[PDB]
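A single protein chain has been omitted; all remaining protein chains appear in their positions.
Going in written order, the chains are labelled A, B, C, D and E, and every chain counts its residues from 1.
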Amino acid sequence: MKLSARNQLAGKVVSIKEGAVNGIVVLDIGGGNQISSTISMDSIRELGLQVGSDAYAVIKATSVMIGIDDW
Amino acid sequence: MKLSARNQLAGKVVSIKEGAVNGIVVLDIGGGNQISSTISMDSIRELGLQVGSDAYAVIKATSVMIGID
Amino acid sequence: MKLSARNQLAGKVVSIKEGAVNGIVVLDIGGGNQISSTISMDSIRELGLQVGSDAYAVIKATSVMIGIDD
Amino acid sequence: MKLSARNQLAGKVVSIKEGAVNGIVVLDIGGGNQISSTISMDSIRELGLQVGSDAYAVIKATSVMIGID
Amino acid sequence: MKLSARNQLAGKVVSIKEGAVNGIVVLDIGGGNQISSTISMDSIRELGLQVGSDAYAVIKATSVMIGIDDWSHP
Partner (left out) sequence: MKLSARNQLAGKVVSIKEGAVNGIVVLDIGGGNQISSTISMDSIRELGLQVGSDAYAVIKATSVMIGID
């Protein structure tokens, strides 16, 4: 499906740390940036994510804050 | 402040659409990637954000989903 | 795209409240239940949402709280 | 308590997956729909949740995205 | 209703800024602390919120991050 989430960034799985009900997936999205995602193990398995998979980090605009260097 | 948010991505403001109590800030983070942020107008003002300002897109890991084709 | 969001609930748009930068879409998901979604106006336009449109409410499991009668 | 969260959907617990600090509660809300909720084990215990418990899925409007085919 | 949100903080409304579809409510929770809440106008009206109302800031634990001073070297 097509989603309203304003942030949908293509990337490659670099690591998967499995937990009890959740795991943490790291995505290399290019330009030297990586995105860490804390999601359910159910989705990590069901999506077939493993190191090297093509995927997207998907983030709703209301979940994204803005910060600055306070110099 | 140093924050627990796993995602702290440097970038430049490319647009700011102001709203009533919130506004939407778009940040170019490089590599052809842009991040859209919906935050309070009060914070857009207090941080002095305008097109061209340096900033960071800050995202908690528990807020990030994974997608595939 | 297939998403990790554990909750993907089919529904019918019943109303759309346009705001300044955000809007609120109400989805009838059947059985007398509706889901309200506060999203960007840009997304409402890009997806072509209108009253009567078929859509899905998408919710990450970590965004869902549980309640009970006390 | 009466909460501002616009989404409050009654349901029946169909499973509870206990984890280390969190667990996952699956609620059948009727009509073939289920809601999965990832919450703290402390709250799962303090709410007395069990399979078969009556409960509610509570979701802030700002946490709900819209999708289309 | 009884909720799983780990954070349920009693306070009194000190201000309400109305927007187009959302508004921002500020709660004095004591100890010199205030909580800002961005929620729908529908809920601000439906809950009868006005300056002086008793209320709660309700926050899921998974929404709360931890910060420390920059001059801390873990």
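Convention: a residue touches a chain if its C-beta (ideal position, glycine included) is under 8 Å from a C-beta of that chain, and two chains touch if they have at least 3 such contacts.
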Given B:26, B:29, B:35 or B:58, the one touching the chain that is not displayed: B:58
Hidden partner chain, touching residue among E:20, E:21 or E:39: E:39
Subunit B residues that touch the omitted chain in the full complex: 1-6, 8, 22, 37-40, 42-44, 47, 56, 58, 60-62
Positions on subunit A where the hidden chain makes contact: 17-20, 22-24, 36, 38, 62-63, 65-70
Subunit E, residues in touch with the chain not shown (by the definition above): 3, 5-9, 24-25, 27, 29-33, 35-39, 43-44, 47-49, 53-69, 72-74
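Rule of thumb we're sticking to: only the chains that are shown with their structure count from here on.
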Centre-to-centre distance between subunit D and subunit B (centres being mean Cα positions), rounded to whole Å: 29
Distance between chain centroids, defined by C-alpha means - subunit C, subunit D (Å): 16
Per-residue multi-chain contacts in subunit B, two or more chains: 3, 5, 19-20, 22, 24, 36, 38, 60, 62-63, 65-69
